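Heads up, the chain below is alone and in the form deposited in one PDB entry; it's given as structure tokens.
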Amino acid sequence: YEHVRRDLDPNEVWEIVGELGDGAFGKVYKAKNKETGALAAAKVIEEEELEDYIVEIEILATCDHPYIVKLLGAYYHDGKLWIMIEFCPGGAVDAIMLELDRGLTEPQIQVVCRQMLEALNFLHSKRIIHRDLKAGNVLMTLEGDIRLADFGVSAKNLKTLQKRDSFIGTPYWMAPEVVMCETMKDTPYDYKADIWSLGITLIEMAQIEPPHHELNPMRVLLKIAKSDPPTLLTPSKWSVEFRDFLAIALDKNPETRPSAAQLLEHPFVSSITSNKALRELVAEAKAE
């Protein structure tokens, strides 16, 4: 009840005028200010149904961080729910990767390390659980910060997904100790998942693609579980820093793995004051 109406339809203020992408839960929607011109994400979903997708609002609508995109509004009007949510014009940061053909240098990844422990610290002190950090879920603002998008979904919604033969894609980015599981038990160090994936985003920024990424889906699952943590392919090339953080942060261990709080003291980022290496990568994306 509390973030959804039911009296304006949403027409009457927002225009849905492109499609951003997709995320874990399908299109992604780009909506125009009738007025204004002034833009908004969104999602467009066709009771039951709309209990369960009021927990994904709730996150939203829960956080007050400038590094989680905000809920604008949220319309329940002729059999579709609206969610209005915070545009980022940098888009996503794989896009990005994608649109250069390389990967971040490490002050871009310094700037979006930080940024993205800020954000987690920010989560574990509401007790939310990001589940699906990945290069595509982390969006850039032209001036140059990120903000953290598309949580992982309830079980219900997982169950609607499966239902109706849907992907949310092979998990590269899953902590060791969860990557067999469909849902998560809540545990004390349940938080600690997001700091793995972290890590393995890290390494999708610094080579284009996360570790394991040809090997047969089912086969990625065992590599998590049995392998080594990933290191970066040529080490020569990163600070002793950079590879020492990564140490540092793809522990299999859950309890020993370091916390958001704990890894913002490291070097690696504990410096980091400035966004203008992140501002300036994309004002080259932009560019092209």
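Under this definition, the rigid core comprises the largest set of C-alpha atoms superposing within 1.5 Å between the forms. Positions refer to the first chain, counted from 1. First, how it differs from the form deposited in another entry.
Only one of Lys27, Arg243, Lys252, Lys70 has its Cα shifted by 2 Å or more between the two forms after fitting on the core, and that residue is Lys27. Here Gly18 counts as shifted, since its C-alpha moves by at least 2 Å between the two forms after the core is aligned. After superposing the rigid core, the Cα of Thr36 is displaced by 2 Å or more between the two forms.
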The other form holds:
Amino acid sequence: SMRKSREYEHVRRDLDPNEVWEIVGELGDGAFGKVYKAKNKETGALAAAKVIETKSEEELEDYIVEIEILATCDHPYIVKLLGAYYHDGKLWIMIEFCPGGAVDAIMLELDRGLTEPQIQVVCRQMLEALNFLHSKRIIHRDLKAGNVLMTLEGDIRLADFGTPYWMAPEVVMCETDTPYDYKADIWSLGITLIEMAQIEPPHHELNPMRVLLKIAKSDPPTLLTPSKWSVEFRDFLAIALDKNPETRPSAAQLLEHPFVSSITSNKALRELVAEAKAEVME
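Would you mind generating the form deposited in another entry now that we have the form deposited in one PDB entry?
Below: the lone chain, stripped of partners and molecules.
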């Protein structure tokens, strides 16, 4: 047999998105692609929409993988799928708009890194989400501050905009599957905490040519000024930034670590997003 133009479970090809969704503007960009802000026709709910110019039905089948993953990952600390449409020769993906901004953009505008209680909340929530991702046998593979988006309410939304300062050593060294692929996120998480503490990641100052080398041959990175930080934090990094994927701890194991195991309030991150919000206009 052979199938032509299959009907995908979370996609509607029988309806224009412009019936439901009003294009309000361009949400900036990098080298990611073409993303747009949009308003709901019935409710006025804000959302972000990306559009891809798919030539063939073989291409379309590739790009919908992102939709299948987004749909199956319904969790309080992960971007949330609202819908997908395939109209004309354009695939539309939409998720709930995030008005806090990426954690790195927050750091840029304040010209300062996060405080420790700020880092603790991000860490605990990132951990809750990774534990869920690994629950579904899904690996992120590109964790960094730029993929941590913020709401005004105080909670993160984990994203992925699909140079390698956050790459795990076993992945740097690889020349070719393995039972400890999920662990690579845990290295990247650790590098993300240092990025959040010091604005930039380790080895930021080097020729990018040298970065894979440096990561392969160096001892795990540590905080530039340990005295400024808690013992719980330094210890957390030490066991998270383990070069052996086999002895590196799971997301679940770290949740029990005293650096995050008593964090219940999201307050410090509510307070953070507000400062950033207040300095947008002045």
